[PDB]
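With one protein chain withheld, the remaining protein chains of the complex are depicted in position.
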Amino acid sequence: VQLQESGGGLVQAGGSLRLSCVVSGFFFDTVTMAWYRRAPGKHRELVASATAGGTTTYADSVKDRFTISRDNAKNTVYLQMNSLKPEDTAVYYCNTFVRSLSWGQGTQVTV
Amino acid sequence: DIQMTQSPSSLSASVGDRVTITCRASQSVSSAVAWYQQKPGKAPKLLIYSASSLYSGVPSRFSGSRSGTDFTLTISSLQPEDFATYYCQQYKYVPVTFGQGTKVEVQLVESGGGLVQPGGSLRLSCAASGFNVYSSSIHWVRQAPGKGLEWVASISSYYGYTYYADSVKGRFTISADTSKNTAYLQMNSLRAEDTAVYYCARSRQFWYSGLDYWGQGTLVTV
Amino acid sequence: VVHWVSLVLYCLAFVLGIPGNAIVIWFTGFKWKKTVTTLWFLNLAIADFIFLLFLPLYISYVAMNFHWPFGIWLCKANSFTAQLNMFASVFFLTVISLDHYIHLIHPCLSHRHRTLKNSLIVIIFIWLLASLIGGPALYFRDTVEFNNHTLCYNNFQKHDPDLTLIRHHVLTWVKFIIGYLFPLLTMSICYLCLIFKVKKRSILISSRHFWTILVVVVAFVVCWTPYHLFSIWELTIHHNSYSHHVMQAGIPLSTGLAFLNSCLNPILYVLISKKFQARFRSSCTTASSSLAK
Partner (left out) sequence: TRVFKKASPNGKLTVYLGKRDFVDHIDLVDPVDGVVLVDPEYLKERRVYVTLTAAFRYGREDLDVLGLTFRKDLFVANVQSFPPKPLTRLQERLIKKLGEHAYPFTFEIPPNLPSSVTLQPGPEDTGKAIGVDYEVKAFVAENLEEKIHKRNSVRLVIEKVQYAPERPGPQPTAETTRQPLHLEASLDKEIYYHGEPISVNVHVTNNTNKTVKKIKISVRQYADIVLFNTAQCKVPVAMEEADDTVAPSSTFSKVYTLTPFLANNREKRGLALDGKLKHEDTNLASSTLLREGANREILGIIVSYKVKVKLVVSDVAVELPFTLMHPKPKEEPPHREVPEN
């Protein structure tokens, strides 16, 4: 129902960020969650995802750089980034891989 | 409700450049956003009726786009006959709200209007020709001197529905005469804040696509 | 003797009609949404529940052969409620059949006049008519002490003796004619008009509620025909002679088959519903997304 995302910051290239997003009103135990981003002036594309049980998947230019973890104790999924590229600036959204839940306000990150 | 703030309040340019007016909606509305152009001393005239669809008659140099709630109006070339005030209006809900106004630097006739003392009554007749009452929707929009457009009331004779603004509820009433094809607006208990130019606007009753036709101006001083 | 089997039938009807009618009333009057297809069945269950609630008085009156120790008020009330059920149930079945016929055939009328308020008006009219018809039974019956036994009887021997033996005849004639012929003939006409008028006679067979109504109608007719037939036979051959000895032991069976009818309906609902047998043994909103072009 309510999705609040935080963890942004004006971190230069090569830095690391620890983003978090809370999903309240939805019990995602067997539901796969994903992360989406819009580059400035572009459309939204999937950047990372993680299935319920043990499997996490990433896009083309995401492997060995970004990691995604999920914790059901607090109903929050994490997305940590390392070795930020100059093109990594975007607005990151937290939602289901199905995109079932209503979209919230993303966090602005720039390098 | 829904409030819109336009980034350019006063725009200055020359002939032969591309301008961009930005509209932002308070709530995540759909593409139901219309753009109007109002020359000084003239009624607003529709340009884009769906935030992406160009109206019939306007030059092709006008265009619009949507991205979430980031409605914009772009002009490829600022022609000499393009300097006017542009307004951003949504029609997804009854309390339609117009933009603050960006400044660049089938006949409808309204009757009545004049100097009325506060607390008095006044009635305006909106003579409509060229369209049917049941196939169109009649709206009243007032513009205060130096301010933007404000919606007053609307009537849909097909479903028999009448709507009024929250600031004119009870005091204001609207009616339409089918035989004479005329719309009437009766005002009661006129306050000092009612000084505005009243426009009788017509919109397509089925699948509302903005206010296609407007009036001429019946400024009322109280 | 047929008295023991009559007692068994009364007890079975009571025990199988108290909780079944209770749960039917609970489902159709407190849990399900109020629409005009189950209000008739809810009123049917209400009438059956009232009759079975007043039944144990008669059960105690008949278990010990012929003795009514309760007051005259209860002696009138039990028979009044029995006749009230006998008339209201068949009237409700008749209006169910009429509503079914109007809904399936000539749907123009059923799409405008099938309002819930009209259903309430029809229910009220049916209840008042049933009460008016059963009122003579409420007024005539009293108690008499004969052979050191206080027994309930219809006071057809009222002060005027000339009118006696005629009030009973006209009363039971009106009762039988109306309450048997009019609903049964009307329902038979409605059912015979439903058939031979609906083309492609396979849409009715396709596991719809037509069988639900038909089973109840058939059970009611089968259970209530022997009582009326025995009563009319007794009327016909009562003035001739007293050679009919089986009549004394014949009517107790129907008086009790018609009572088991009042409880058969929950069992019919169980039988004609597989899912209900299974339990007995035991939306988002439309959004929108962008598109690149």
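Chains: A, B and C, in written order; residue numbering restarts at 1 for each.
Keep this in mind: a contact is a pair of C-beta atoms (placed from the backbone, for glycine too) under 8 Å apart; a residue touches a chain by one contact, two chains touch by 3 or more.
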Using the document's definition of touch, tell me which of C:103, C:167 or C:168 contacts the absent chain. C:103
In the complete assembly, which of A:4, A:20, A:57 or A:76 touches the absent chain? A:57
So which of C:60, C:164 or C:290 would be touching the chain we can't see? C:290
The one of C:154, C:186 or C:212 in touch with the missing chain is C:212
For chain B, residues in touch with the removed chain: 30-32, 50, 53, 91-94, 96, 132, 134-136, 154, 157-160, 163, 178, 205-209
By the contact criterion defined above, which parts of chain A meet the unshown chain? Give residue numbers in ascending order. 26, 28, 30-32, 43, 46, 51-53, 55, 57, 96-101
Positions on chain C contacted by the hidden chain, ascending: 32-33, 35, 37-38, 103-108, 111-113, 115-117, 197-199, 203-204, 207-209, 212, 269, 272-273, 275-276, 283-293
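Definition applied: only the chains that are shown with their structure count from here on.
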Whole-Å distance, C-alpha centre of chain A to that of chain B, is 42
Round to the nearest whole Å and give the separation of the Cα centres of chain A and chain C. 67
Among the residues of chain C, which ones contact at least 2 other chains? 290
Mind pulling the chain A residues that touch 2 or more other chains? none
Would you pull the chain C residues touching chain A in the complex into a rising list? 284, 287, 289-290, 292
Chain C touches which residues of chain A in the complex? 43-44, 99-100, 102
